[PDB]
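> Residues per chain, in single letters:
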Amino acid sequence: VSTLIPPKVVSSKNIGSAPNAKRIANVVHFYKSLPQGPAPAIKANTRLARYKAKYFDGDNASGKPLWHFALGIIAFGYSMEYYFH
Amino acid sequence: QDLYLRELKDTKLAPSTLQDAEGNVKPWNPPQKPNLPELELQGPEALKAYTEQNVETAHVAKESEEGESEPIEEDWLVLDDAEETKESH
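The listed protein sequences derive, respectively, from chains A and B.
Using our numbering, the first residue of the first sequence is number 1, and each one after it goes up by one.
Using our numbering, the first residue of the second sequence is number 101, and each one after it goes up by one.
Chain A on its own, in the form it takes in the complex:
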């Protein structure tokens, strides 16, 4: 008999139902987000970090470190091969 008032009732529930769950999921991660490679930490030195940076990095990612390890184990084992036989 009178005029009910829909057009300003969105205060109680934000428009949409499915994207409401994703709103909180995607709005919160943008605060603590790296602008462009912040704190890359590409430089380190712990007597083995240089080897990791030079060979164990994703830029090369080749089979050369495995061959170097094989050569090193051969060099180490030559001495005890002489010692045993």
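Because the hints were derived from the structure by calculation, they are not lab data.
Quick reminder that beta carbons are idealized off the backbone N, C-alpha and C, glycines included.
Each hint should be verified, as a subset may be incorrect.
[Stated by the list, open to error] Partner residues are not named here, just some residues of chain A that face chain B (Cβ under 10 angstroms, in silico):
| no. | residue |
| --- | --- |
| 1 | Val1 |
| 2 | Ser2 |
| 3 | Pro6 |
| 4 | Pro7 |
| 5 | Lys8 |
| 6 | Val9 |
| 7 | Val10 |
| 8 | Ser12 |
| 9 | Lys22 |
| 10 | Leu71 |
| 11 | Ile73 |
Assemble the complex: chain A is given as a structure, and chain B must be docked to it using the hints.
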């Protein structure tokens, strides 16, 4: 003119008692004094609704109703109903 004067006073005297003089009515027996002034005076009221329209009965306008001073229940119910339909826009 004999063809004129006698017919003239004949056409004057015959309705003289009818209209000019108060001699009821001579040409026809039924009375006219208590018929058109009196019986037919209610004729328009007889054909129409007597004592119902000629009096022009005036009905005072009924007071226009409203929400009947409901400042809590009506507003809350309207808001809840709009909330029910807002999820399915």
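> Tell me if the interface restraint on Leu71/A is satisfied: Cβ within less than 10 angstroms of some Cβ in chain B.
Constraint on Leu71/A not satisfied, violated at 70 angstroms.
> Does the nearest C-beta of chain B fall within a distance shorter than 10 angstroms of the C-beta of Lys22/A?
Constraint on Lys22/A not satisfied, violated at 17 angstroms.
> Going by Cβ atoms only, is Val10/A closer than 10 angstroms to chain B?
Where the cut-off is 10 angstroms and the nearest Cβ of chain B is about 7 angstroms from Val10/A, the hint holds.
> Restraint: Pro6/A near chain B, CB-CB cut 10 angstroms. Satisfied or not?
holds (4 angstroms)
> Return the status of the interface hint for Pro7/A: holds when the least beta-carbon distance to chain B is below 10 angstroms, violated otherwise.
Holds - the Cβ of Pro7/A comes within 10 angstroms of chain B, reaching about 9 angstroms at its closest.
> Less than 10 angstroms between beta-carbons is the criterion; does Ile73/A satisfy it with respect to chain B?
violated (68 angstroms)
> May I ask you to test the interface hint for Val9/A with respect to chain B, counting a Cβ-Cβ separation under 10 angstroms as satisfied?
Since chain B brings a Cβ to about 4 angstroms from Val9/A, closer than 10 angstroms, the hint holds.
> Given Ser12/A was flagged as interface, is its beta-carbon under 10 angstroms from a beta-carbon of chain B?
holds (6 angstroms)
> Grab the minimum C-beta distance from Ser2/A to chain B and call the hint holds if it beats 10 angstroms, violated otherwise.
holds (7 angstroms)
> Can we keep the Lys8/A interface hint, with Cβ of chain B closer than 10 angstroms?
holds (9 angstroms)
> Hold the hint about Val1/A up to the distance rule: shortest CB distance to chain B must be less than 10 angstroms.
holds (9 angstroms)
Figure legend: structure checked against the earlier numbered hints; hints not met, in rising order: 9, 10 and 11.
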